[PDB]
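Form deposited in one PDB entry, single chain, as structure tokens, below.
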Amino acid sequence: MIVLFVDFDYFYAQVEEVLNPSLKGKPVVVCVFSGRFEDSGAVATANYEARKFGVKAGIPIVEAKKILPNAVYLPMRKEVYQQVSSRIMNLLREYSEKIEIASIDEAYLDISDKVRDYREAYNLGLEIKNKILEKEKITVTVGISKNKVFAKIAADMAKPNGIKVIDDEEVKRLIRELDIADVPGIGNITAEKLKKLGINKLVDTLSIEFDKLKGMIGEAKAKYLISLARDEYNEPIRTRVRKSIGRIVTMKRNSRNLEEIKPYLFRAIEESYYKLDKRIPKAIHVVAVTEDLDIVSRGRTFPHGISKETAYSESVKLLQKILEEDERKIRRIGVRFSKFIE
């Protein structure tokens, strides 16, 4: 199998650079201003000019400002990035039918039937990079290998504006030399737990009692790392299997005023439909988190399929039913979609 992975480089910040070219070359830091007080919140993504000085994903905005007081700090514009992202995903759609959109900034293409080998996979990666740069002026990094995991690792290694193939032999080498912390889906907490079991490489998970490994990190992650270590990993590039897809936004002030709530609910729906993409729900649940943090929800099933605009109007009715049946103010409001058609 030949898998080609694409990640859009320092995406939120790059998009901002594209919408305002004067920012290029200067440190740029997109942040999620949490609203608790001036500069509360954490950095979402920073460009490389900012990473040079340690400003990066997840550190407090207040700290970023101490290290780089004169950088350009911008608020998160999730909607803008989703729109720019969907267009890029549409371009990727031209290169393969088997595509798996993983998040707003990345996707996997199974190109097993479009190319005969890595040399051709590589030329295709350059084509793709050139297409996106041409259409949207956004640089991306391509990772190519025998499965999803190694294709992503290659992009992580080659970024930004890069391309890299990890052939079968290097896969065998990496299974032995790759810090476990660098494996997709594996974060710090799990990394630390394994360090403590004296595990630092994929290969290491092959010399420990499965039940001892499972006991520390869960069955799913234990099988996972193991199937990789045995170069036995092979999961299809399939549209992800999801129970429900939703979004819950925290409002600025608790409320029970139908008109005041609406906007937030709609932003929730908007975002939700962007995340649903081709998937079509039959069920919609409106979800409210009350002032005292209780969860209240009212849903409805539609034998046909729920269009975005129908979700807009049917949710409002569900929201009204909630207000009539619970007199508490609402703090957070959102929606959930489930039971998809095939």
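Residues that one form lacks are left out of the comparison. Positions refer to the first chain, counted from 1. Rigid core (definition): largest C-alpha set, two forms, superposition within 1.5 Å. What changes on going to the form deposited in another entry:
The only C-alpha among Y95, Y118, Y264, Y224 that moves by 2 Å or more between these two forms, given a superposition on the rigid core, is that of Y264. The chain behaves as two rigid units between these two forms, and the smaller unit swings by 53° against the larger after C-alpha superposition. Taking the core as reference, several blocks of three or more adjacent residues between these two forms have all their Cα positions offset by 2 Å or more: 34 to 42, 240 to 341.
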Second form
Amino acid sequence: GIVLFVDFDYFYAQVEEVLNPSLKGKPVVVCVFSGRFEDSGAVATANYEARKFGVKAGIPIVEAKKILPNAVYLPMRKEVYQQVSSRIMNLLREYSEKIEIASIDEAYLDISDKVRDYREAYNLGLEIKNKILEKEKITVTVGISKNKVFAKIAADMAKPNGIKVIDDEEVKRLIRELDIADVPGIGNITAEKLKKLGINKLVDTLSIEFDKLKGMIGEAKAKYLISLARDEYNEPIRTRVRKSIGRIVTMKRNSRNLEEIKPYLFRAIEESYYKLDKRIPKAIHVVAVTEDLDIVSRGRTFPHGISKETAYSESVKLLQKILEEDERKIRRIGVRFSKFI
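With the form deposited in one PDB entry done, generate the form deposited in another entry in the same format.
A single chain, with no partners or molecules, comes next.
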């Protein structure tokens, strides 16, 4: 069938531009301030103006402020971005009811029965692009191909404010030419390990004997690269169900003291149980980011769903568990709920 992929352009940043258009065309940086000191924290994202000077997601707000001291630094308003996202995802639903909301900013439509060929798909893509640009002022990039992965790849090639169709014949061309690093699911750690095996594109995966591919990346990514490269890979647009909900916050200073940390842990619990919204988790994990940025987690699965009261007292037992079992001072603390009924 034919998959159409939407990825909203510089999302949090753009939304801020829609809310304050006197920002458009000059560098905008959306940050998560951590409160540890003046301008501590990270950059959630940045518009392309900012992005031209290396201000991207994940870098400290202070590294960015040295590069672009005069840029606009805006604190992250996820509540707001989520509202816009929700509305756009709802727009998308009126184009195909076979939707998979993949993330806050991306979604896959299976348009197979709304269009006859890729050319009709492209026009639909333009229809969708305008409709969003008209109803939400957000530019997005559309990637259309035979399936999820490739449609995502097309979007990655056209962004920002782009549209790429990757026809059955174009698919084949990329397998041989696309950098494996650009394959969805292939990050730096996997890229590195694949380059260690002479694997640069997809192609060289069909070259390498399966046996030593899983013997570097595990069974899953191995199957994944191959089905992609053999032009099989069908994965259907399945309606997303949220499997875990969590919240994790940053402390004013690293601490090992149970009492200093609790208020942070509870803040997260409260936030999490709120985001849960009618969902009853049977599992809770307290997650701690150490001083050296290792992420550790202690958790517990219950025979039956967890009440907020249970969450509270178990989280503490779990934080105790982390504190006794891990030497390091904790920097960030939070909780995550899974296994909903």
